[PDB]
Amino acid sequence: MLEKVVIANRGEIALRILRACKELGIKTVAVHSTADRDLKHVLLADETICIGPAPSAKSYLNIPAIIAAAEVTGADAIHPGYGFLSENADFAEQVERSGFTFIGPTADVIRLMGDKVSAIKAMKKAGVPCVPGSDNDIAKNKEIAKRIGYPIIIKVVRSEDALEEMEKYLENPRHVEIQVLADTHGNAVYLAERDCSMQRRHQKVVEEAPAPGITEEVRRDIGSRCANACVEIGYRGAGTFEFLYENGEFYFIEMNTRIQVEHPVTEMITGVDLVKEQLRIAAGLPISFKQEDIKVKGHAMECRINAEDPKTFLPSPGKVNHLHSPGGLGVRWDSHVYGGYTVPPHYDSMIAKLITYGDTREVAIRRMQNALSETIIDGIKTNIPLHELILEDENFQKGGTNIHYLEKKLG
């Protein structure tokens, strides 16, 4: 089975992956750019290989160099984390053709769900609810616009005298997404859902689980459709079905065929280790539990702590002169940052994920607020003040705010 894994990523997720590997007794190979020699996980890894200069294009997206790292170290498998090459089918193809195990889905499946149109077709076939849509003549597309109902969106049109160069545009939906696992033994489970509606420019800021308002009955319906879809398309590994959720109905928008940034909130409420399940599934093992073993308990929240100006959102690279990370009951800290570490300019601005858990949503929120106040990151700016503004927002406290709320609120 898996004895040595190349961690084809960086920052917090690479550390997350390294931790799962070490727990399972799996040797680690940290591939890194010249700028990431000081990454925590690189310093912790069993073997390190520099795969290029600082720019992503030349390092973490360098398909030949990463595969060569797998070859010279005699690794068995490659974990792509999220972002970078994790949903690149050519990379997954290349990895399997070179005789290594890609920790994720098969290339064919990545490519199927890598194209918005062919994804939606596969989902509709599978019985997963989709945005009503078109499924270049004037009267025709005026007819389909009319059937679907304005406003629509060519890929936003609000009237038919402006139909120009579809599917239903939902004005005020939430972002509710379903976590799944599928294995090579024909099993597929759903691990409740996450609400990630607090976004700026479609980039998530705060996530939570479960999603407020979602009953178990609704959870089992939309969840089982997602599990069956996994089986129909021959899915393998961890994945997320993302939906727009409005007036009680779900509408598919994307499957992330990979682990997601916000996976920890789901871990907290179900007791599942999603990265370990990834590794076990990749090695050929079945999912370590059955659907009936999964019971949502309590509530969890995640704040993405970024090195950026909290109003301006301009990155804030630099040396962290002092880090103090929070702790105590119900507080989890996923971060590669350490006192004296320099946050580089070349990649994303995420420096930590602060995750809280409580027996209720109210407790998870208060716990997040107290954890944030204890947190100190000196030397650079962070978005902690933004998190604090969100958490004390009366509408957020009520719950169920839609995907446009944050931008609206910041005005």
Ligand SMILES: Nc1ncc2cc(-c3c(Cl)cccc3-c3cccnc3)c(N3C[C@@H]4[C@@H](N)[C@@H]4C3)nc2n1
The other form holds:
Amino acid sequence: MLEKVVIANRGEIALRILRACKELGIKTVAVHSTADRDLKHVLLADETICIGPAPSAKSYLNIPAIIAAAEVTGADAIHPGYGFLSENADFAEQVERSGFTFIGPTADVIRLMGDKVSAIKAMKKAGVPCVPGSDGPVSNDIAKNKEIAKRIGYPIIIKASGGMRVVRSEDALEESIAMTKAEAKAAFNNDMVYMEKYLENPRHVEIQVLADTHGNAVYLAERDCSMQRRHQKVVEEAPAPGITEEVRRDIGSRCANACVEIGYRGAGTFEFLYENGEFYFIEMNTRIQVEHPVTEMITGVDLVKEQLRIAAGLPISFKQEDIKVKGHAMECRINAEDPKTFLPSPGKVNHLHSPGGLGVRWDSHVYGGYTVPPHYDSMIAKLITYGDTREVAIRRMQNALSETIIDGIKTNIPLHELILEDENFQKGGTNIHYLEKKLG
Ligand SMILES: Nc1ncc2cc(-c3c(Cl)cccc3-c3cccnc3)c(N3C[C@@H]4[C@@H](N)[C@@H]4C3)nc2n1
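Starting from the form deposited without the ligand, produce the coordinates for the form deposited with the ligand bound.
Expanding to the full complex; the earlier chain stays at the top.
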């Protein structure tokens, strides 16, 4: 099985992985930048290796330096966490070919679900409901485009398969496609674009799944990620309000079927749009996500532990029927940023006071005297609460945040406090545009 794992990430996720590894007696190699010598997970690691200077491009995206670090320590596997190289098939390919286990799916399954039209193909095939759309790439024959666009009706949206554009009227279609195409070739190398029916007030609802090398696959309810700001999630909860065991079972089961159809491997998320009682699949994340803890709180599954087990060729430690959703969980992403302008706020944390008590979980690499660096994201902590009901999780989050002291830098804690007392948020079922409007 796995005796030594390279942690090819940083911050809170590298510590989350270290904690999992230590619990299983798996030896940890922490690959780190110059600027990340002082990370909690790095100081707690069994072996450490500087893989290059502060910029992520010459460190955490340094495919050769990480593989090299695996070769030298005689590592068995590599955990890419989230972001960086986690969705990079070329990296996954270079890992498997160099004789190590990539903790996550196989290269050909990453490429497949990385391309959104071919991903959408798979989900239609598995009986999984998708957005009314082009059902494939759209051609430059614009007569044929108007036809599909007028079938689904306006507004429509044009997305890249591997930077999207809302079209409100037929008058602005022809140009609006050729634009989106030309941006992609110059940017993402791939001129391929597809149409969907643009949903104006959807909720963002994600199903968590696990698939193993034994042919088992499970769904672990959903998360509502609707409370976001310009493509950055701010609060997450599980389960998603309004969604029943009946609907959870159905679309949950269909995501589990799909995992097997495509020979999916490890932890993964099916993202959905949710409007007017109906689910519409949009894309799939082939990795562990930031907001995994809220799912852990309501299922008592250790998603990173199962990632390690699955990667070692073990079956998932439990069966679909052993999972029951109990209570409700909230995660506030605590960022070192100005709570109104969202300008990063790096520098020394002088005093940290973590909250605690019943139903309060604190996932953070930050400690008193830790300097939040400029070179990466602004996330410093994930504050997660559990309650028997949505009300208690919210009230518990409120008390937890007013207990949280972070001196020396600004945080978005005042933002979280605003959201948690918002009457619409308390009511629940706020769509994906709510936070932007409220900040007006
Ligand atoms: N057909 C259709 N209709 C509505 C959509 C809304 C979003 C979206 C989401 Cl899910 C969250 C936050 C913002 C948006 C979004 C993106 C572009 C324009 N308007 C809203 C959206 N997104 C697709 C992809 C998510 N990871 C990011 C944003 N796709 C949509 N597709």
